[PDB]
Amino acid sequence: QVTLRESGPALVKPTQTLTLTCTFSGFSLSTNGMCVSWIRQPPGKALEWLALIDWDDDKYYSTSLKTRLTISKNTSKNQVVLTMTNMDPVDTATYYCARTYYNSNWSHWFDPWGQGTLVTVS
Amino acid sequence: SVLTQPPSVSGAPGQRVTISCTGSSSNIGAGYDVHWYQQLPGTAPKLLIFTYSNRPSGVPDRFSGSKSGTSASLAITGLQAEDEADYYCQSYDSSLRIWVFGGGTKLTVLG
Amino acid sequence: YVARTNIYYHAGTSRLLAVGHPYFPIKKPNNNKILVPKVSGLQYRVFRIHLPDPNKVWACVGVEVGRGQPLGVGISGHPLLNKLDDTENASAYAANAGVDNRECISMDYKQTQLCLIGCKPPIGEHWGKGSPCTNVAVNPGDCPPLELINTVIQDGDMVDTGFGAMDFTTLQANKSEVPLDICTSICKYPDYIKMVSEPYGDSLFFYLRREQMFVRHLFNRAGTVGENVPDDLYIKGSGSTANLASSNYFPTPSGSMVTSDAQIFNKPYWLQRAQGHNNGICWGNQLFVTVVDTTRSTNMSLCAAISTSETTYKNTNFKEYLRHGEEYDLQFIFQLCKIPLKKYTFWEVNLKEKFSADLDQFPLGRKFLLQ
Amino acid sequence: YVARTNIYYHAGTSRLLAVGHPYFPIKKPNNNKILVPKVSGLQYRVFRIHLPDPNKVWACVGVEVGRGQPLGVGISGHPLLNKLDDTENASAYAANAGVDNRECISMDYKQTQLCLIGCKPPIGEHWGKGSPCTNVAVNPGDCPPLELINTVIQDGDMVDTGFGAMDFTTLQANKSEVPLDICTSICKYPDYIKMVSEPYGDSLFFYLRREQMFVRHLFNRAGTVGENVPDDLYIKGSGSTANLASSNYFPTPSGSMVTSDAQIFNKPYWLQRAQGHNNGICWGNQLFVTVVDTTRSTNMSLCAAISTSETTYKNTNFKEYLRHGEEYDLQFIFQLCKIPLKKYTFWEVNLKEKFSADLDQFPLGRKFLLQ
Amino acid sequence: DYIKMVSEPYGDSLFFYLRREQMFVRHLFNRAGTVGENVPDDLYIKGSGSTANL
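So the protein sequences, as listed, match chains H, L, C, B and D. Read in order, the letters of the first sequence correspond to residues 1 to 35, 35A to 35B, 36 to 82, 82A to 82C, 83 to 100, 100A to 100E, 101 to 112 in the authors' numbering. Read in order, the letters of the second sequence correspond to residues 2 to 9, 11 to 27, 27A to 27C, 28 to 95, 95A to 95B, 96 to 106, 106A, 107 in the authors' numbering. Read in order, the letters of the third sequence correspond to residues 41 to 96, 113 to 395, 454 to 485 in the authors' numbering. Read in order, the letters of the fourth sequence correspond to residues 41 to 96, 113 to 395, 454 to 485 in the authors' numbering. In this text, residue positions in the fifth sequence follow the authors' numbering: the first is 247, and each later residue adds one.
Hints listed in this document are in silico derivations from the structure and should not be mistaken for laboratory results. Ideal Cβ placement from N, Cα and C applies to all residues, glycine included. Some hints here could point you the wrong way.
Partial list, computed: chain C residues near chain B (C-beta under 8 Å) [unchecked claim]:
| id | residue |
| --- | --- |
| 1 | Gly124 |
| 2 | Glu144 |
| 3 | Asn152 |
| 4 | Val155 |
| 5 | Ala229 |
| 6 | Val252 |
| 7 | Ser253 |
| 8 | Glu254 |
| 9 | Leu289 |
| 10 | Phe321 |
| 11 | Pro324 |
Straight line, CA to CA, 20 Å or less: simulated PhoX-like cross-link-like pairs of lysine-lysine [claimed, not checked]:
| id | chain 1 | residue 1 | chain 2 | residue 2 |
| --- | --- | --- | --- | --- |
| 12 | D | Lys250 | C | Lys231 |
| 13 | H | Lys64 | L | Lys45 |
| 14 | C | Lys457 | C | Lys68 |
| 15 | H | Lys43 | L | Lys103 |
| 16 | H | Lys57 | B | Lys68 |
| 17 | B | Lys67 | B | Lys78 |
| 18 | C | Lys176 | C | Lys457 |
| 19 | C | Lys250 | B | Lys68 |
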């Protein structure tokens, strides 16, 4: 069925650039209504949305972190890459990649979730 | 978390416990749908409800919800140990122009 | 190339009667066998006239559609219509939507009349679910696509009621958007454009219409919002106005007033020349007459006594029934000229024995002779 | 100096269909890319007809604007309209205004029809903010100046709804004075005076209009007062009447009743002579056809089931949608005669292949031959 | 029964008639007796709470 896998460095030094990649199967980012989003959850804290990219390649970022974030997709390889710059110890959190349905409404939901790759900044 | 949820609620086995996710005129009042997720300790979030009550494949019918103005509620019937998870609400905010999550609530059973 | 002659023949049924429940047909709990049919003024009546063979071709030069029942106005409703609140003159902001907020609502319907005459079945357009899936995922609860479908109008099909010509069966899944008589049917509207484009004029060589409507009330829905209002078009409120009210508004129609002067029926027609190439010739010895008349759609209630042993009145001692009386009388004048549809449900009308050249003995013949 | 000939050519699209949300277009949260357009009966439809070159000039001697959809009446509203109280039959003095006193209000619109035909784009007058600043300080919240602006009407521009031809975007900043479909748009009204003054008649050589309206309710505003009532015109009260109520009253329009007899469409026109010097010549091989029809502006709601696993009804299991079906069919008759606009959004209609001299094969040709 | 009274070929029942009648719905009302032909279960979704009783 539809599955997602995260990959990337588990340790990154401060003020460096983190890079993460996800691999998804069972669907493509060419089908209308299909989108991928990145979320994170610091230890003992609530989830926080980071970014999102859709079939038309339009990209969305959190306002609090818009300058630090960039995302891209590769349909032919079913991979999506996140890049965060100027890392900080507070950003040590688990990152999940999740598929996302597009509504006529603007309140999308992420049905499947990946395993979650932990990232530590120190 | 702009959306607010109680930090924790306790309920007896088999009792109908309820959860609340208050919002404002920018996220819930504006009409943007609300969704819920349950996350067991050591696992990734799992979709539970995706428009205020709807139930995806693999969820028992004992999970439901409703819209009560600038708020939304999750109702659990027949409390069991499966409901020892953390629940989060999600929605869209037009002011912040982002998708937001709540503070999460730790449901516990008085076993 | 068709040669006309001075030979004429009057014909008619002299009576056509129907009775039944106006909202839904009656039948056994799970059986699909009908005990009482569904008859109402909102239904098309397509009469498939089976003319006798002139060689053992006709030309319909006149017609008269008699209606006998008294003028009246029908009423339709839904015990569980979807109606959140009235917003015409709201004085306090709506408070709660709740789990279920449906109300017992009634309403009259857009008055409409029409009479289509031709040698081929009529054509009707509606708004059904679209075919194209292409490469777009149908997400849970997305907006169904819309497509302009063309069909053939049959007897028993509903007419436009001011809610729009649409296939309510598929486009509306909740079955609470419109009254009971159309919540699971197709409200077609004639496609006059296509039926007059066709260069032959077979689909019809005469038609009339007179419909009217006004908004009698302004109502609102209660379902979850789809395409939400843009944040640009309003300023966010607070307190009581924190929770927006639904912006999906629907009107309740009303046909206003019925009058005898506004009647197209019980009046002869003269099809000397059609609007198409064909000038009224009846190819294949057939005709189709589609008529709608909501001006006589009065439903006569019936009350029957279960027990007569009660001194005082009791609602639990009488049964309420609704029935509708539909009466018709077709008259035709035919002129002599010398030179695959079994899938549908029509009201067959046989005229192979009701032809006589004694025009003066019939009213339509007297009118034809006078003119 | 233009020589007419007995050569005629019929043309037409045979179908023109549009669909979309009637209030606002759909699009992604912050993206400006439209997914579903905005289509309603309150919008002008300017068809820029691109005729074929007669030299590889035409004269539009007839036109017919077919409309196919059923008659109906649209409903528009605002979840947060500014409406303090109803003052038609007030029986107790208004008590409180509060911080926010907006109500979910709906209303129908002034019925209006029109059809402008010419070789140049139409002209429309509205009431916008004035230019002159001169030597006057714009104090906080002063009354904006008013100016009679002239523009060119484009497809998608709104029509007068009985609230007045004005630029609501600038003159009204609160975005709660009028319904959602015009709270951030320009409601123009044709400047018939200027378009007939032009001595050439290029802007139009034929026009029609039929609009009607009545006051269905009387309402009041709630904002802070500007030009306050003079102390001369009233006697100061006390107690309950100590606090004056707002004197800014606005009406809620209503178009009354729609009828087939009051229809200007589906009826041919004959432009034998214009009201200007130009007698229908199509200079530059172009035409413009602006049409408004609020008599068929019925919005068909759609309901889609999110989940089908519920035994009982639930509002949180159905999504409500609104869509509007716009159908058109233009027919033209052209006569042969021997002797910079790309800034705007028009509905381009190509006719360089749809010209045929077989008049009888088309309805408008049959009518023209008869007359 | 205008149809029968004009069909009759002699016209004895009448040789002249006129009519002018008009009507409009001024109110919409409901009955209260026990139901006869009940509404099919197909045409509606069963409610609950207040809407439990049709």
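Here's how the hints hold up against the structure:
no. : hint                  : in the structure
1   : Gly124                : violated (25 Å)
2   : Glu144                : holds (6 Å)
3   : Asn152                : violated (11 Å)
4   : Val155                : holds (6 Å)
5   : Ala229                : holds (4 Å)
6   : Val252                : holds (5 Å)
7   : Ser253                : holds (7 Å)
8   : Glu254                : violated (10 Å)
9   : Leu289                : holds (5 Å)
10  : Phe321                : violated (16 Å)
11  : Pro324                : violated (21 Å)
12  : D:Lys250 <-> C:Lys231 : violated (43 Å)
13  : H:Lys64 <-> L:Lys45   : violated (27 Å)
14  : C:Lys457 <-> C:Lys68  : violated (26 Å)
15  : H:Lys43 <-> L:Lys103  : holds (12 Å)
16  : H:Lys57 <-> B:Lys68   : holds (11 Å)
17  : B:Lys67 <-> B:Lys78   : holds (11 Å)
18  : C:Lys176 <-> C:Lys457 : holds (14 Å)
19  : C:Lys250 <-> B:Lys68  : violated (38 Å)
Consistency with the previously given hints fails for numbers 1, 3, 8, 10, 11, 12, 13, 14 and 19, ordered from lowest to highest.
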